[PDB]
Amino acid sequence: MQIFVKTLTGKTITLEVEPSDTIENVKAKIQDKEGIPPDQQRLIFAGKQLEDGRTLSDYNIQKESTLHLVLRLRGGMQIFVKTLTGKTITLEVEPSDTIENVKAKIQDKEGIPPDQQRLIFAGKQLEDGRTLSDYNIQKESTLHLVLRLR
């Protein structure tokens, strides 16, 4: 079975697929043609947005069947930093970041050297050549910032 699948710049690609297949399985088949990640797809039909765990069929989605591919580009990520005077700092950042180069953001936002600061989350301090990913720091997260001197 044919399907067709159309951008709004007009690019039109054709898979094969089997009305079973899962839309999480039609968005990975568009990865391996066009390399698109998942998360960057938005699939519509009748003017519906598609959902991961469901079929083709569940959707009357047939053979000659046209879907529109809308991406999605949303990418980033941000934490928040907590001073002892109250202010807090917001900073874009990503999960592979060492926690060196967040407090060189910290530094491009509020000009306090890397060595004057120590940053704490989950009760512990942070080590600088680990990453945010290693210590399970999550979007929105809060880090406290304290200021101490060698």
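Residue numbers count along the first chain shown, from 1. So that the term is clear: the rigid core is the largest set of C-alpha atoms that superpose within 1.5 Å between two forms. First, how it differs from the form deposited in another entry.
- No residue in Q125, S57, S96, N101 other than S57 shows a CA shift of 2 angstroms or more between the two forms after fitting the rigid core.
- For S141, a C-alpha deviation below 2 angstroms is recorded between the two forms after rigid-core alignment.
- For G47, the Cα coordinates differ by 2 angstroms or more between the two forms after the core has been superposed.
- Once the rigid core is overlaid between the two forms, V81 does not reach a Cα shift of 2 Å, moving by less than that.
Could the form deposited in another entry be given as well, to go with the form deposited in one PDB entry?
The following holds one chain only.
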């Protein structure tokens, strides 16, 4: 069922699901549709905020309608990034994030181009193509940012 949503500002690209998908699969179609991660979004339909573990047909999500959805201030996992100057910034991440995604997040916070960022963890240099999980980076882990001198 092609289903759209209304928000405070407005953002909706090609989307589509059917009531058979799980409560996490609906938040998945919003991933590529609304642009906010799944654990940062909480969905509500006519005053019923359906959680994960309840079929979307048990309380039929009407097809092809405009729903209101509210967004969280935080996700479920933050890591810290430390600048040489001592400043600490907090990143909302997911274990599947590559360290290249992490650098794109730093650019959004600090305006530094990812090309210019070197990241250190557990005494080792991090490689763009790997994921937080590959490095065993976990909630409240601390990365160290060094800028390239080149």
